[PDB]
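Student: Now for the letters of each chain:
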Amino acid sequence: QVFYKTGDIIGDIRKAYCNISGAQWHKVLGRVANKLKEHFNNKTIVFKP
Amino acid sequence: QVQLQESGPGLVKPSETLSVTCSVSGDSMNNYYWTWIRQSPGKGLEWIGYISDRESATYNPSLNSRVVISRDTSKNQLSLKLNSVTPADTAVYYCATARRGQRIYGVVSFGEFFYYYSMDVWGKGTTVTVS
Amino acid sequence: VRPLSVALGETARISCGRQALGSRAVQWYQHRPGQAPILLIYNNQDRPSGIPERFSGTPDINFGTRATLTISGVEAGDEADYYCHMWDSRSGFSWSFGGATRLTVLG
Ligand SMILES: *[C@@H]1O[C@H](CO)[C@@H](O[C@@H]2O[C@H](CO)[C@@H](O[C@@H]3O[C@H](CO)[C@@H](O[C@@H]4O[C@H](CO)[C@@H](O)[C@H](O)[C@H]4NC(C)=O)[C@H](O)[C@H]3NC(C)=O)[C@H](O)[C@H]2NC(C)=O)[C@H](O)[C@H]1NC(C)=O
Ligand SMILES: *[C@@H]1O[C@H](CO)[C@@H](O[C@@H]2O[C@H](CO)[C@@H](O)[C@H](O)[C@H]2NC(C)=O)[C@H](O)[C@H]1NC(C)=O
Ligand SMILES: *[C@@H]1O[C@H](CO)[C@@H](O)[C@H](O)[C@H]1NC(C)=O
Ligand SMILES: *[C@@H]1O[C@H](CO)[C@@H](O)[C@H](O)[C@H]1NC(C)=O
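Protein chains in written order, with my numbering: chain S, 3 to 51; chain F, 512 to 642; chain W, 320 to 426.
Isolated chain S, as found in the complex:
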């Protein structure tokens, strides 16, 4: 029975990350906000974490 543990890294320590498009996300978010405004009696749509 073998157990694989995490070993020390070699080189420079770096952090993981995720790159998402600059303006395409805001464009799609605006369209989704418009659809939500249609389906929610024309109110202002607020997103929060």
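To be clear, the hints were calculated from the coordinates, so they are not data collected in a lab.
Take these hints with a grain of salt, some might be off.
Here are the simulated DMTMM-like pairs of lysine to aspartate or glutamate, each with C-alpha atoms no more than 25 Å apart in a straight line [to be verified]: (1) S:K17 to W:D407; (2) F:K592 to F:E557; (3) F:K554 to W:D397; (4) S:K50 to S:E40; (5) F:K554 to W:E394.
Dock chains F and W with the ligands against the given chain S, drawing on the hints supplied.
Tutor: Chains F and W with the ligands only, in chain S's frame:
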């Protein structure tokens, strides 16, 4: 150009305050950071402590601010001052210009970068011996 | 201080005792005892004015390589205590001036 000339007393009484100044011409506070070289005849090379342009004091971590650094910019006699001196920290006080450049290996927002520290001009220094 | 050199006509390829961990950037100086020294090569690729082509240049790509110092055109100046002024990412600040190496020339 950068010209160097010290005005240290040359003699210090034990456990007393020092004021070792260096004369520099042609430049001002902001352009050059000001570090100091520790050296002596037949001795090692070290930074006991040095001042920033904004009068911030950075020292040897093992030293832990044994000395206090203050200086004067109008006279250009930037000063490394020693409090509670000892023969252990007896060294020639080179007045050294310090410049910084940075090597970036990863995302800047994350903080993944470091300065490669350049050492261009070394001071003449002055010799002080504890009585 | 540990000496390391070789007779004339051969390059004394002194390598820094420190091992490069992470990104590297080294500084190289021509020292003088008790006086003001200068710098020769303060980057893996920087070749400032007045520096001939005698120095080997290793670009800092494909991490795993070693920093080695080789010199030619030997004179009286180069016998002084060299200091491999290295900076690396993980080790942080190098309060010491690196491995102090000296060149011994006799004949
Ligand atoms: C996600 O997006 C982020 C930005 O939002 C992006 O981060 C960037 O990533 C690249 C590559 O990973 C970095 O590029 C680095 O740039 C520096 C200098 O510009 C280079 O340093 C030089 O390296 C050479 C040899 O490699 C050396 O000779 C030289 O001395 C070095 N210094 C200088 C001054 O030239 C790095 O080499 C280089 N990285 C690589 C791997 O080549 C950016 O710095 C990062 N940040 C920014 C703001 O652009 C990230 O990559 C994206 N992720 C994906 C998966 O796409
Ligand atoms: C986690 O801690 C252990 C022990 O403190 C480290 O093991 C040491 O590793 C170094 C070289 O990597 C050796 O020189 C030591 O002899 C090891 N110590 C012992 C007690 O074996 C281990 O490297 C540490 N892990 C990380 C990622 O730093
Ligand atoms: C993600 O990768 C694709 C293809 O490699 C590229 O076209 C796109 O620009 C990348 N994303 C970002 C934000 O750069
Ligand atoms: C609210 O917005 C939707 C879509 O933008 C629209 O169809 C609707 O007419 C708006 N409400 C009013 C009262 O005009």
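Student: Taking the earlier hints as the rules, which of them does this structure contradict?
Tutor: No numbers; nothing is violated.
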